[PDB]
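Spelled out from the first residue to the last, the chains are:
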Amino acid sequence: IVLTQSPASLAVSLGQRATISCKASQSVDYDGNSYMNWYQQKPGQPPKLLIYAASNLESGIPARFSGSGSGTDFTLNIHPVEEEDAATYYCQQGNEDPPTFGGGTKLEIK
Amino acid sequence: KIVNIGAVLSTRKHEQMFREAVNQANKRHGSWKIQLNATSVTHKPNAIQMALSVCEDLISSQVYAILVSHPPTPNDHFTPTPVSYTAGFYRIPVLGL
Amino acid sequence: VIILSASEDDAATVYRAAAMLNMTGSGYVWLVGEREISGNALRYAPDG
Amino acid sequence: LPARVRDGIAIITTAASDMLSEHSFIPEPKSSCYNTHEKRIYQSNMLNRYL
Amino acid sequence: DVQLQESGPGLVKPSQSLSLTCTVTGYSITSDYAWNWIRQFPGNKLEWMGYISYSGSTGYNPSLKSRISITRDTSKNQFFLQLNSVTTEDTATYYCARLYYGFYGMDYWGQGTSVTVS
Ligand SMILES: *[C@@H]1O[C@H](CO)[C@@H](O)[C@H](O)[C@H]1NC(C)=O
Numbered sequence: 021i022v023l024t025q026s027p028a029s030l031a032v033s034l035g036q037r038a039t040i041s042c043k044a045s046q047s048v049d050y051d052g053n054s055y056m057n058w059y060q061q062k063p064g065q066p067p068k069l070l071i072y073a074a075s076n077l078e079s080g081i082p083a084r085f086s087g088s089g090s091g092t093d094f095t096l097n098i099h100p101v102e103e104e105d106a107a108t109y110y111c112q113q114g115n116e117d118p119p120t121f122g123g124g125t126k127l128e129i130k
Numbered sequence: 025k026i027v028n029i030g031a032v033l034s035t036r037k038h039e040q041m042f043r044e045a046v047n048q049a050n051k052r053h054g055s056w057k058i059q060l061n062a063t064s065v066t067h068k069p070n071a072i073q074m075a076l077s078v079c080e081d082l083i084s085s086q087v088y089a090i091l092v093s094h095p096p097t098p099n100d101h102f103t104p105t106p107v108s109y110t111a112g113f114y115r116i117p118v119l120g121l
Numbered sequence: 218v219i220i221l222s223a224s225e226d227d228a229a230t231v232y233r234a235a236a237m238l239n240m241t242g243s244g245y246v247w248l249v250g251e252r253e254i255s256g257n258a259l260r261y262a263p264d265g
Numbered sequence: 289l290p291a292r293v294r295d296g297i298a299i300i301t302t303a304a305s306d307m308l309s310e311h312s313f314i315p316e317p318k319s320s321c322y323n324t325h326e327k328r329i330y331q332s333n334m335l336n337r338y339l
Numbered sequence: 021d022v023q024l025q026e027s028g029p030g031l032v033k034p035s036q037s038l039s040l041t042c043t044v045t046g047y048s049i050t051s052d053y054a055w056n057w058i059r060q061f062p063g064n065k066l067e068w069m070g071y072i073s074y075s076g077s078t079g080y081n082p083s084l085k086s087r088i089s090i091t092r093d094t095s096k097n098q099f100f101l102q103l104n105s106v107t108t109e110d111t112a113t114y115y116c117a118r119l120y121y122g123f124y125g126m127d128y129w130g131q132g133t134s135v136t137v138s
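From first to last, the protein sequence lines stand for chains A, B, C, D and E.
Each residue of the first sequence is one higher than the one before, starting from 21 at the first, in the authors' numbering.
Each residue of the second sequence is one higher than the one before, starting from 25 at the first, in the authors' numbering.
Each residue of the third sequence is one higher than the one before, starting from 218 at the first, in the authors' numbering.
Each residue of the fourth sequence is one higher than the one before, starting from 289 at the first, in the authors' numbering.
Each residue of the fifth sequence is one higher than the one before, starting from 21 at the first, in the authors' numbering.
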């Protein structure tokens with residue numbers, strides 16, 4: 021199932037909220053722990069995993085990209101918004117065969 | 025008397041590390057008359073292939089202790105089986121690694 | 218407390234059954250062996 | 289020893305007949321010693337069922 | 021440091037088996053890790069085909085249950101991907117990405133390479 025993302029033509033300034041949500045086909049979250057990773061990619065470099073388990077940040081990134089989610093709706097937020105926030109965001113699930121991926125959300129800093 | 029010691033290994037780099045390890049342990053312990061020649065045998069995917077390789081070049085090398093590593097595909101663990109066979113047929117122990 | 222170091226699929230099936238049911242709460246703790254923790258039974262693993 | 293081998297070959301013949309009545313096919317042996325049969329174990333296991 | 025290296029024909033023929041090849045440098049293929057093959061589209065759409073584990077497990081799309089395979093060789097630390105029953109529509113970017121076996125860590129992707137069909 022093609023996962024849906026929202027929004028796609030937003031405009032986030034420096035300081036306010038940058039909520040980006042996305043809906044899957046069924047409940048990806050199970051037993052409390054989420055399974056909806058968030059990947060941030062810059063055009064010109066291969067993608068990278070930025071947020072794992074949808075609620076934990078890997079060792080190497082400061083506490084800026086946070087978020088949560090359950091069932092179908094999973095939300096990623098940025099606090100504070102910086103110049104590097106503008107990138108390509110993909111929320112991806114890898115539960116079982118076939119682990120379909122999400123769409124594409126374009127974020128531009130004003 | 026030369027002792028040829030046979031080591032069952034998968035990449036070439038393991039063969040060269042094995043043979044430098046033997047050189048270092050010959051320069052470590054006694055080398056006046058106990059000098060070991062390291063010989064390295066790759067992984068063939070058949071136990072009778074292993075039998076044939078340890079018999080056609082090792083058992084005439086007069087090997088004192090074979091060296092064995094885990095099978096590449098952990099679906100059946102029968103690679104060290106023939107080599108323990110051939111060690112133990114006169115009851116020479118194996119060095120499982 | 219349960220304990221078993223066996224094949225991964227049995228691991229995985231136990232994990233699925235404990236997940237569908239109520240055996241991952243505060244109180245149901247157990248130990249695991251070596252290789253049952255790498256693979257499908259690591260996807261079905263609990264938190265703790 | 290001749291009695292032992294006679295009894296053994298009689299048991300082997302009985303087991304072969306029992307298999308032939310069970311499934312009515314002859315499990316072909318391996319093509320080569322280097323060609324190990326992995327999915328064909330069930331072909332011989334039924335033999336074991338009568339051994 | 022561990023990195024991945026791509027290689028392939030670059031221009032496949034109709035009804036010809038795509039033969040991709042990927043090298044791992046700095047670690048081993050049998051010890052740990054798993055390797056996925058991904059066809060990225062120009063519209064920023066990653067499309068994963070299948071992955072191979074270090075224990076010899078091929079997990080792929082159910083739509084490709086008869087026309088995909090992954091092989092490897094440990095003596096040279098290499099793995100091949102064979103895609104059979106292909107058609108004209110295969111223009112995409114190949115990636116032999118690496119995910120820790122068990123859906124744990126997405127560390128080393130590689131670089132991939134574009135490819136068309138003609
Ligand atoms: C587990 O407990 C919850 C909360 O009381 C309950 O809703 C649920 O039905 C229970 N599950 C099982 C499988 O018994």
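Calculated directly from the structure, the hints in this document are not laboratory data.
Where is the CB? At the ideal position from N, CA and C, for every residue including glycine.
Each hint should be verified, as a subset may be incorrect.
[What the hints assert, rightly or not] Residues of chain C clear of chain E, computed beta-carbon distances all greater than 10 Å:
| # | residue |
| --- | --- |
| 1 | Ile-219 |
| 2 | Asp-227 |
| 3 | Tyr-245 |
| 4 | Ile-254 |
| 5 | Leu-259 |
| 6 | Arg-260 |
| 7 | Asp-264 |
[Said to hold, decoys possible] Think about it this way: if two alpha-carbon atoms lie no more than 30 Å apart in a straight line, the pair counts; the simulated DSSO-like pairs of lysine-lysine are:
| # | chain 1 | residue 1 | chain 2 | residue 2 |
| --- | --- | --- | --- | --- |
| 8 | A | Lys-43 | E | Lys-65 |
| 9 | B | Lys-68 | E | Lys-96 |
| 10 | A | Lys-130 | E | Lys-85 |
| 11 | A | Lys-68 | E | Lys-65 |
| 12 | E | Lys-65 | A | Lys-126 |
| 13 | E | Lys-85 | D | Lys-327 |
| 14 | D | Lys-318 | E | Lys-85 |
| 15 | B | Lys-68 | D | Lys-318 |
So, going through the hints one by one against the coordinates:
1. In this structure C:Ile-219 is separated from chain E by more than 10 Å, as the shortest Cβ-Cβ distance comes to about 20 Å.
2. The claim that C:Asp-227 is not at the interface with chain E holds, since no C-beta of that chain comes within 10 Å of its own (minimum 16 Å).
3. Under the 10 Å C-beta cut-off, the non-interface status given to C:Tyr-245 relative to chain E holds; the minimum distance is some 22 Å.
4. With a minimum CB-CB distance of about 8 Å to chain E, C:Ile-254 fails to clear the 10 Å threshold, and the non-interface call is violated.
5. The Cβ of C:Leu-259 does not lie farther than 10 Å from every Cβ of chain E; its closest approach is about 3 Å, which violates its non-interface assignment.
6. Distance to chain E contradicts C:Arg-260 as a non-interface residue, since its nearest Cβ pair spans about 5 Å, not more than 10 Å.
7. Here C:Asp-264 stays apart from chain E, with its beta-carbon at least about 14 Å from theirs, past the 10 Å limit.
8. Between A:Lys-43 and E:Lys-65, the direct Cα distance comes to roughly 17 Å. Compliance with the 30 Å bound is thereby established for this hinted pair.
9. With a C-alpha separation of about 14 Å, the suggested pairing of B:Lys-68 with E:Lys-96 holds against the 30 Å cut-off.
10. Of the pairs offered as hints, the one joining A:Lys-130 and E:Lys-85 is violated, with about 47 Å between alpha carbons and a cut-off of 30 Å exceeded.
11. For the hint pairing A:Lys-68 with E:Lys-65, the CA-to-CA distance comes to about 14 Å; that is within 30 Å, so the pair holds.
12. Proximity of E:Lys-65 to A:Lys-126 is assessed by CA-CA distance (about 13 Å); at most 30 Å being required, the pair is judged to hold.
13. Restraint check for E:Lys-85 and D:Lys-327: the C-alpha separation of about 19 Å stays at or below 30 Å, so the hint holds.
14. Proximity of D:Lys-318 to E:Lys-85 is assessed by CA-CA distance (about 28 Å); at most 30 Å being required, the pair is judged to hold.
15. This hinted pair checks out: B:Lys-68 and D:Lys-318 have alpha carbons roughly 19 Å apart, not beyond 30 Å.
In this structure, the hints that do not hold are numbers 4, 5, 6 and 10, in rising order.
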